[PDB]
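Asker: Listed below are the residues making up each chain.
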Amino acid sequence: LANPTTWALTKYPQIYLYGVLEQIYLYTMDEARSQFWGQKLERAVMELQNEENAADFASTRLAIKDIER
Amino acid sequence: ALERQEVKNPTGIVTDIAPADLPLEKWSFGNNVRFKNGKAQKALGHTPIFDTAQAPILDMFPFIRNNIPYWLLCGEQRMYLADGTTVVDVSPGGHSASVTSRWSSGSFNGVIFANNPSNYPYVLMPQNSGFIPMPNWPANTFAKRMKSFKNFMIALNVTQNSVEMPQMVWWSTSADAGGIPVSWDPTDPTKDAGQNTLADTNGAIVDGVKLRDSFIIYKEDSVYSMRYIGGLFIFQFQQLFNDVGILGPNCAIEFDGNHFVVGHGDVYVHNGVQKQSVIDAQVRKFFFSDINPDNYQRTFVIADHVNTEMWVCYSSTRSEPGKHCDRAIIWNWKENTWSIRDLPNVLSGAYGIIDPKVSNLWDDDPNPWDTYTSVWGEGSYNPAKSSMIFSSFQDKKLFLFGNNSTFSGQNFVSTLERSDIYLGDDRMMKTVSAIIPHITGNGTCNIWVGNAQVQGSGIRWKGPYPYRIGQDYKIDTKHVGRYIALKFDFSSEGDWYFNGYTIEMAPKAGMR
Amino acid sequence: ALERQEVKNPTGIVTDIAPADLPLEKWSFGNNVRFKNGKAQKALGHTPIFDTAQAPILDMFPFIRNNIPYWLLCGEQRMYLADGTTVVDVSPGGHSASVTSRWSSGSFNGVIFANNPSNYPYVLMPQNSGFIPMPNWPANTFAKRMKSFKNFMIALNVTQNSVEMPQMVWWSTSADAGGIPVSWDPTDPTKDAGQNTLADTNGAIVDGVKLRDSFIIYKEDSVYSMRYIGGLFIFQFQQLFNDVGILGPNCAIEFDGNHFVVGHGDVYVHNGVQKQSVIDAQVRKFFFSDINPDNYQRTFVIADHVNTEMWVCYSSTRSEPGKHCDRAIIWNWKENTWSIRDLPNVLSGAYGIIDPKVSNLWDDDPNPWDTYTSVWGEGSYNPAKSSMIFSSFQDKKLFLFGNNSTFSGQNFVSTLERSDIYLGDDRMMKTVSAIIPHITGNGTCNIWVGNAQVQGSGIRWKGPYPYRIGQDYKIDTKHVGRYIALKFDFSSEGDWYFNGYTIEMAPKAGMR
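Protein chains in written order, with the entry's author numbering: chain O, 140 to 208; chain Y, 2 to 513; chain c, 2 to 513.
Next up, chain O with everything else stripped away, as it sits in the complex:
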């Protein structure tokens, strides 16, 4: 309540919506829907991380092979 808005909510609300739904179905002790919504949330998180990783293609090669000897 003290912090109504964050960048995460304004960038991709599906993440928060799916997470809250999964938490709700965990609380109501339902198993199938909880797993379904957990998978949806995990897929959304993976999509966001993948989009971040492929933001710049040149930087992908670097920061991988450092100090071998």
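Rather than coming from a laboratory, the hints here were simulated on the basis of the structure. It is possible that part of the hints are untrue.
Said to hold, decoys possible - Quick list of in silico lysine-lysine cross-link-like pairs, DSS-like style, CA-CA up to 25 Å:
#1 Y:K27 x Y:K463
#2 c:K9 x Y:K286
#3 c:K9 x Y:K27
#4 Y:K479 x O:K179
#5 c:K151 x Y:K211
#6 c:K151 x Y:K276
#7 Y:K324 x c:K386
#8 Y:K276 x c:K386
#9 Y:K27 x Y:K488
#10 c:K211 x c:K386
Unchecked claim - Partner residues aside, some chain Y positions facing chain O, computed with beta carbon under 8 Å:
#11 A510
#12 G511
#13 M512
#14 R513
What the hints assert, rightly or not - Label-pair distances were calculated between CB atoms; the ranges are:
#15 Y:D473 x c:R5: 36 to 42 Å
#16 Y:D473 x O:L148: 35 to 41 Å
#17 Y:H439 x c:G266: 57 to 63 Å
#18 Y:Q6 x c:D473: 27 to 33 Å
#19 c:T142 x Y:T309: 56 to 62 Å
#20 c:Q411 x Y:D473: 58 to 64 Å
#21 Y:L233 x c:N137: 27 to 33 Å
#22 c:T142 x Y:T191: 39 to 45 Å
#23 Y:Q298 x c:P93: 31 to 37 Å
We put the CB at the ideal spot given by N, CA and C, even for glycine.
We have chain O already, so just place chains Y and c on it with the hints.
Answerer: Frame of chain O; chains Y and c shown alone:
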């Protein structure tokens, strides 16, 4: 991945058994509906009739004279005779009738007799055009009830010479070959007129009704039977029941060789040998808690043979003391179902043939298409079927019940509600995706869906869903809950038949 | 992984059959509960009434006079008459009644008659305002029982000239039109008064009750019937039963054309042709082991037609000898169920219409919201329904049973217990994770869960679990055992309906 449960032909209203234990084909609550042939339909509507007579009318009696129907309407001080076109006064003078002195009447030897407890009996012969005092009637004698049986006239609850006595049955001479009885003296041993006293209980004689070949006499706490045997005693008396009686006059009707009786604390049916209750375990507690304490004597029973129904009309607790009957419970004897209906403050009713005298034509038709209507061939007058007419004394009106679908122009609301449906699973949570009603006709209905978490506790309802009869297939919603409840609300200006529905549910949604 | 077993509408208490053999819908033990319409409800409460009359009251009789209810209270030495507002003495002088000389009374030809075995019969005419000794009554004659049948008065268990004959039926002359019988002499052959003796068994006449169109006479060991035939013999006598009798006066009631009788060692129902027991295999052994040996003559039966119940009131072994009835067993004749109730040391009771004369208003209401209450439209006076009134002689009190949910302010405890539930598996051990009750109303209940390892052996109980009616959905526990037992304890200050429950169990926990 969508389950469906179908409810087929739910009829009747039951309020004694808890709603969670009722079968799926019953309604927990309702108002302004009828049940017939497995269908729930809109309650009958009333239209004004005989809108040309003056003064309030107390009682009505239909009959046929000269191959023409005629309704004899008893007023507070004068009679009237109606034929559907004109009202003719036929009263001899000024009577002293009131709401505490009601009218009894009938036919005997072709002579129409009428009587009230505050005047000498009056008769009408086929030759005369008005009533005359009954010949040979003893002076200073009044009879609370007067009836005709075989070739005799019988008086019940009689006062004489300023001393009253309610436990004497008085019968006159046989006087066959037409005419009226020539004497009423019981002391004469050369005639068959006589008296008897049914005095072994504190109750008083209330009414007497024919049944097959017997005359059933109802006291306040017991039921007796009278049979004609001729010989030296004419009549033979026999006690039938000692534990129940009757509530008041006009509270016992005959149908199919049985008697439907409204007693004190029970409503039963008997054939003179076996007696059994018909209101038990259905609406008994509800009915015997709604009677107005100050008016528990206007209750009366009427019969609809065409529809095979019995109407019990009474004054509910919603009305202030001093008003007449405003509510009715209707029992169907071919299906054993009960229904509740509102009444427009009536006092008495009658069942008989009536001609409203309404032209059909094409250019004299108010009440647009979606207002009841009948089949194409049927007209406004059907001599093969009877009709019900009620009288509102305080409002001075006469209502004919039947075709019209409005309360004399006004629109009413019909409701049907069921609650606590869980389909044998009282732990999981149901989803309820859609409701498919089976309604045929015209109009618009409103559907309410609610849920309850604990049996018998509060219910969280969801907003009304409109449904157009004949066009819409279903209504869409989403209501998670443990115990389901449905409510159907029908407006007016349309005729509809309702014969079941279907619930479409998504997979369950947990157990807390 | 959670099994569920639902028990729906358990009604009735059975103690004769071993609890392990009862169906799932029966209670092994209970106290202070009623069964109706498949629901178990709190027992009725009593409120003091007629708190303005002096001296103890022996017997009570309601009737209607001048269109108003009136209750005649026959006390130790003086009659009283009450109308709900004032008590008026009407006794002529000083009677000599006692607990061994009880009052009989009734109506005949509009005259109210009363009698006790130590005085000449007294009558009350409609004109007078007091009682008068019966005219034409023979001198030095006393009748233990006096009743009215058709147009005759009947005396039973009669003493005359200081010699008692306990097996005579004495009938007076027939009454014409009205008034009391003019003679009682049997020797006169010009009248129809007479006597008969039912002397073929050592038993004595105890009571006589009408049934349909015949008068049933009960002896201590046999049952006879009498019928009116007129002619030269007036009455015809017919023996019905020889193996059973009656326990005492006021131990036989009529309902639905049958007679419910409490005999010596049995409680049965008969229609005059076929007889069958209704207490066998349910509470027979329990009932005929609890009656106080020194007081097995105060037992009496009363009827509740509105609730369709029969109350047998007796003095249990818990009470010190010399006290009156304190316990009751109630039988429901529409569902064939038995229940046990406590009583506040009463001696006699009556069923009739009463007006408590209590204003409704808004600012005259004790008894806060969660104390029974009724529907919104109902008032304190309901003429359409009757009520039960009991009299406590030793405490000099009059109780009206009904609306109130407390024992005149005091709170009582209702219990319902079932034991030895194993659901067809008597080897493995059950877990029992939760109990879900189906209770609607207000108040708080306590639930006890126990287990037994050997059928009929001791039970290990668990601490009471509180349950708030209307809010809590279930109670959580963990109780491993072989045979399950449940107990429900209801306090007072609330009205509750109980119509089944559900057991939620985890997978079994081995076979030891």
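Asker: Are the Cα atoms of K27 of chain Y and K463 of chain Y separated by 25 Å or less?
Answerer: holds, 22 Å
Asker: Against the range 36 to 42 Å, how does the distance between the Cβ atoms of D473 of chain Y and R5 of chain c compare: consistent or not?
Answerer: With a Cβ separation near 38 Å, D473 of chain Y and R5 of chain c satisfy 36 to 42 Å, so the hint holds.
Asker: Would the pair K211 of chain c and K386 of chain c pass a check requiring their Cα atoms to be no farther apart than 25 Å?
Answerer: With a Cα-Cα distance of about 24 Å, the restraint between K211 of chain c and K386 of chain c holds, given a limit of 25 Å.
Asker: So if I understand the rule, the pair passes when the alpha-carbon distance is 25 Å or less; does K9 of chain c with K286 of chain Y pass?
Answerer: holds, 22 Å
Asker: Given the proposed pairing of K276 of chain Y with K386 of chain c, does the C-alpha separation stay at or below 25 Å?
Answerer: Answer holds: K276 of chain Y to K386 of chain c is near 20 Å, not above 25 Å.
Asker: Using the beta carbons of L233 of chain Y and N137 of chain c, state whether their distance is inside 27 to 33 Å or not.
Answerer: holds, 29 Å
Asker: Is it true that the CA of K324 of chain Y sits at most 25 Å from the CA of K386 of chain c?
Answerer: holds, 21 Å
Asker: Is the interface hint for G511 of chain Y satisfied, with its Cβ closer than 8 Å to some Cβ of chain O?
Answerer: It holds, given that the least Cβ distance between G511 of chain Y and chain O is near 3 Å, below 8 Å.
Asker: With a cut-off of 8 Å, does the beta carbon of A510 of chain Y approach a beta carbon of chain O closely enough for the hint to hold?
Answerer: Because about 6 Å separates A510 of chain Y from the closest Cβ in chain O, which is inside the 8 Å limit, the hint holds.
Asker: Could you grab the alpha-carbon distance between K151 of chain c and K211 of chain Y and see if it respects the 25 Å cut-off?
Answerer: holds, 23 Å
Asker: Check the following: the C-beta atoms of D473 of chain Y and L148 of chain O are separated by a distance inside 35 to 41 Å.
Answerer: holds, 39 Å
Asker: Taking 57 to 63 Å as the hint, is the beta-carbon distance of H439 of chain Y and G266 of chain c inside that range?
Answerer: Check passed, 60 Å falls within 57 to 63 Å.
In terms of the numbered hints stated before, the structure departs from none.
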